[PDB]
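Would you mind keeping the following structure in view while I ask a few things?
The other protein chains are all here in position, but one chain of the complex has been omitted.
Each chain gets a letter, A, B, C and D, in the order it is written, and its residues are counted from 1.
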Amino acid sequence: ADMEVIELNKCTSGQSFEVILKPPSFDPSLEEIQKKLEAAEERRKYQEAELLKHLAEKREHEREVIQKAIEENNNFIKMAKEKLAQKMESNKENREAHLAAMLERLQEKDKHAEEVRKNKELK
Amino acid sequence: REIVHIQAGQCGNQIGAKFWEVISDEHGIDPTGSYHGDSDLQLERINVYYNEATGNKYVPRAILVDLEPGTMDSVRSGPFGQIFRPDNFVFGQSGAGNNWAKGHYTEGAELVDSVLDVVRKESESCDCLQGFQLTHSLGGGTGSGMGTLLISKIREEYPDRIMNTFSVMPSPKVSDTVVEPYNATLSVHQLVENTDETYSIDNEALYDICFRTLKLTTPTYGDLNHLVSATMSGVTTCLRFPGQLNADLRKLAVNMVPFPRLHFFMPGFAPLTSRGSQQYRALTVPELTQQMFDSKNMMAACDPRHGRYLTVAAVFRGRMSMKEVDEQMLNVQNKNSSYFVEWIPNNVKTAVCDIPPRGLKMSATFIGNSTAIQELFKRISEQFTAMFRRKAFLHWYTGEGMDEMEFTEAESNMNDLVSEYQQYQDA
Amino acid sequence: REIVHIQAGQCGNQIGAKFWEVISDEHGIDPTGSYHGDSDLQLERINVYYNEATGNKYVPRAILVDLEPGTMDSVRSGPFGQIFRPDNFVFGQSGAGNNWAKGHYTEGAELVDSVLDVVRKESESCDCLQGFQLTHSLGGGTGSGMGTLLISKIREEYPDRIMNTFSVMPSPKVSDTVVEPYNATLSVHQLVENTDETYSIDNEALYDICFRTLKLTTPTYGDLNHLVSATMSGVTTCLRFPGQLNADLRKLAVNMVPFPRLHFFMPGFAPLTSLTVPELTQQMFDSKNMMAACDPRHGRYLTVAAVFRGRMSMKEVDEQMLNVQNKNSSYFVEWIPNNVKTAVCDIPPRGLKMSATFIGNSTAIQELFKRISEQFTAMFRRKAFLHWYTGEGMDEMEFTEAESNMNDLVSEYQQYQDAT
Amino acid sequence: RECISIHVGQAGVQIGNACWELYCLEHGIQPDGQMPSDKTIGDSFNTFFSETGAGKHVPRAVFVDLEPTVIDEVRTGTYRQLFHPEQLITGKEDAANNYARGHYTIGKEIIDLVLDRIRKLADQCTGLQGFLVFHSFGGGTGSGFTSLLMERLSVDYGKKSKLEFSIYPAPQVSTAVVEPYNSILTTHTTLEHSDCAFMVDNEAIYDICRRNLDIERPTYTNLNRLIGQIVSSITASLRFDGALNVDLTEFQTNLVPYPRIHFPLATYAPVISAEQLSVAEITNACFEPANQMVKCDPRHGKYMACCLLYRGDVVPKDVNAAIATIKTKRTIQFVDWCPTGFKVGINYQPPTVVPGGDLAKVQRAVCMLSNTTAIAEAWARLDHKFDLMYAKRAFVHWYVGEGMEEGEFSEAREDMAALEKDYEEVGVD
Partner (left out) sequence: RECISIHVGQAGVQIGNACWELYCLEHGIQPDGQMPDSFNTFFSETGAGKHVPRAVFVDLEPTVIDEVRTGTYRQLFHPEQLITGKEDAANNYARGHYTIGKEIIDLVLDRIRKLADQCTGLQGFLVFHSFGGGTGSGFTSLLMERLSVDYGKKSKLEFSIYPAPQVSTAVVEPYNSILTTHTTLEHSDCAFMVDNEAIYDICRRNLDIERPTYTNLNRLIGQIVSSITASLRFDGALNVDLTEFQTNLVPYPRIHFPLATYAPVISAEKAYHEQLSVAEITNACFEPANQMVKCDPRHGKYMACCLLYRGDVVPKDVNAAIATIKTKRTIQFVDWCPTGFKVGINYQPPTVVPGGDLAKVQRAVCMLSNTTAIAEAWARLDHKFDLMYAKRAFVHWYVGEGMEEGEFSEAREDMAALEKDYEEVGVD
């Protein structure tokens, strides 16, 4: 606005100067934080070693499924290895005495036929 | 798989004779030698009824038991005489008596073991013996007495294998002996616990089929054996022939027998006569079916009316179409639908083998578990109790070595069988 | 920086086959040997998808897993056959079943360790492995079952590195197995906690893109693989080519995924089968051109990335890119600010002058999850074909334990139709 | 991978003999065993045959019967050349139309041998899949040995699935009254040791021939040719390697939703007599009670899993639109809770028929394997006879005879009752 300057220096390769126009009119870094950086590591090493113990989980549950199947399979084989030869040695004994029931009725039409000739050779 | 044949008693034997020569014809066997015939099947299933010996030769698997020479040298002297192996003949020498006891107790057990000895041979030789069959009279000792003993002694030895008989229920009319009722009831008893199937053949029938249905005046034991000879070929065929059944004998039984007592197939036949009577070709399939289903053509004297068929087999003979057979078969199940039982479902099955008998181009044979058989049983038990009345002829069994109670003890066992067949007009 | 590839299952593998020969083309590699092409770029970022071996030679960083020989000898016998290193083939011999459990539990864990073994020795060789990608079916066991197992076993070993899959969501129409809904729901679960991004590819889409959009009557598993093969080259390019992106794979993920579940980019493509820029752009933003069976209209987009291809004026490209964001303005969320970024590389594909590919994280994807969970409860209903797993040693409740996981993933996708 | 056939019982064996014959025509093997294709040392058809020796191609089969007779007529008529004298076990005495005999009395003895001669054939196989058991429902060794086998095979062989082809028995061409008992017996012991089981109703087959083949009163070897064809269209998938249905699980993972419910209903497409049809028309036959495979009516039972097994010259382009109007014309008929089916299996191999047989060479044939709830119609139509007999102890004594238990009968009907129930319990919601 047409002002007057205050010359503030002249050296080899320059010159400065203020150019005041219309007067103004009056109106702790801390080192201890390196432990902050291994609290950051406090919470990573927690999270990662937990999506490790949540995962070293889905693992030996797989132990089950895998084998609590196998284990539930021979649960059948060695149920029906005797649902057989124990239902079938109840058979062997079951007939075998329906044969004897057959025959001891014979020695009885037979040890009856014998004693009534001892009754003929006496009449 | 293989069957032996026991054939004991004048009545048993003279049936057995006629049987053998008729089946021996079908297969074609010289009175001695081997095959002579332009057919070729025959021999598939000849295995079953003929154990074959050295040279050509074919010899029946037969045992002939009698309690006196007489009738053994009838066969050996008659038709197909020297066909049977010489020491398959088990001689008697002694009395027979026309008495059950002699045959079942004294003079029978006297022999018996020598019979068991041939049978043991043949069957122990027989590569897979399936069972025995037997033929014999029921009124008269050597057949009905020895045989019922045989069978009892046959089992026990052979529990195992299935038993089977054509037995000739005796009538008051056309018989020799006053006592037969006694003889009958005593074996009837024996049978009903030891056989697996028993073809009931009444001589009341057999004779009636000749005068009612033949105009045959003087009916022999000849033309009359003739029927049985035929009917027996009938029943046997499909264990001994085609390859359209296959007929285990056991299978054959299982599917025929509901209840382990009551195996009393009264049988029947298609055509008939022998002498100066014919057939004007006219055996038709229809006229062949409503004929093995007419009572007046039944091998026992029942009347498969009052009383209902448990099971019913029929086998058909003659290069004819079975496209008609089942259709006719059905027809009768509808036409006489009433008198089958419901509770065993498909209880009348039939099959067909196409090679006819001596003479006759077409033919049907009927096996038949009718409770109307109760008719037959009740007929003998009927005249028996009229004799055990004030105990007549019994003193021949009294002193022989039999008890008083014993008659009643098996007179009873029959009375039960009676009202079990009656207790099978069911629901 | 370097990526290995796991390619498991008949569906997984026959995709992996087509992928590899198409990308192998772009770089130019003989069915065996080395470079043959007048281009020169190629080889900058060939480092990334090919671990190179002695002589000339280039060999993919590939592992091929199956639970039966059959489909392995298809590749080795087919197109770019003996390109892959002979013992990168992990054989199966056994059943697969078209059953998740077998692949994830019994016959799967039976192998697995031999797979981990190749992967360990490719990735342990790989000078700075940045992550794995995997291809596979979701309805059917050897892919969806073993793979979901693989990835679980792949993490844990490699937490560290980012995981990534093209998974093929099975449809009711054009499928082999009654059960697939079961197989899908079981892996969807698995995925949603172990992958970092997951390209959803519906065969309901893939097939539809051929019949409403291509007049080819009898669509094979061939011309249909062909799409995926293409779309897969599309998505990859700028980790494997220019130098105008640079695409850490992690960076790539961080800027694509807002919320750690829900990484479900339904993709899309430009032209089709065996192009102006406008007409190209209002084509990768049509649904009749999305890879998942959705309709990115019921569901606004979370974030959206597209790579364009062709020596063309991108002075036109953001001039049309903006345009979609304005003529379709309501359908991007506002609460993520510059949520549709794009870039352009100019080396075109097998044939084709101009092309573009579209990754899109749309909550409209909720529509595909709902759809599978829909024929699922309808089945788990009276505990249906379930007995095939019952008996494999799985749990009754373990099914409902994963049916639910999905009904939240539905209703969080639902929950991100929010407010400013 | 591999695949052993067991045929027990007269019916089993003859069905067998009449489809190993048809396999043989299909893969071009001259009776003596040698085939002049370049396809052997020791893939593709190796599922069923084994490249034993340098020339021959033996079936991986074992044949058991308890008489000789039937097994006998294999080592007779050419093919006599095809097997190994080992693989045919015969057993001297019959089962006599009775289960008890087959399972306990006569079975006992031969089972140990069979079981082991099977083990020989499983050993010349690297990754055996399962077994095909062909056997007669009713009837003796057929029900009773088969029952014992399975119990046992179930023990000796783990996962190894078991597929049975039962011949559900039919009054008109049977001879045996006791039938029902035997089927309801085995079918009970058998069903928890089986995986999927095709029934074949003799009556329905007899039916097809009287209608569709103009045969007056058809033979066994009449019926067997027909079943021969059907089985060969079911097993087709695993023999040529099929573009679908290619392994025993994802073959049947398809059909059986529930452990118990095995029994699919088959339907063969163009049965037409020598001395052709549209892709559409034959599909529209599979849903015709006449052409069925078990006498029932599925228009009123609900479908709960549907397969369509195509064989011959077909583009899927056709199969589709034909299906489309099976839904807009006929009876849809689906259950409450399973998609609306139609796994569709295309096999380009044109269907070969037995040379001087009854049927003609066709261009295309269809096969439809549906698991309907109406196939339990024949579960009662059997049940009822059994019921109405046992009610009087009818034939029981023959069983209690050989060695059985009055209550083992009770306890088997008990099972059908309960099954007849599950099959009813799958309707609507």
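A few notes on this one:
The criterion applied here is as follows: a contact is a pair of C-beta atoms (placed from the backbone, for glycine too) under 8 Å apart; a residue touches a chain by one contact, two chains touch by 3 or more.
Contact with the omitted chain, checked across C:121, C:251, C:288 or C:297, is made by C:251.
One chain is missing from the display, and on chain A it is touched by residues 1-3, 5, 8-27, 29, 31, 33, 37, 40-44, 47.
Residues touching the missing chain, restricted to chain C, are 1, 128, 245-246, 248, 250-251, 254-255, 257-260, 303, 314-315, 318, 334-339, 341, 343, 418, 420 (touch as defined at the top).
Heads up, the rule we're going with is that only the chains that are shown with their structure count from here on.
Chain pair with the larger contact count among A-D and C-D is C-D, by C-beta pairs in contact. Distance between chain C and chain D, defined via averaged C-alpha coordinates, is recorded as 43 Å.
Rounded to a whole number, the gap between the C-alpha centres of chain B and chain C is 85 angstrom. Counting partner chains per residue, chain D shows two or more touched chains at residues 401.
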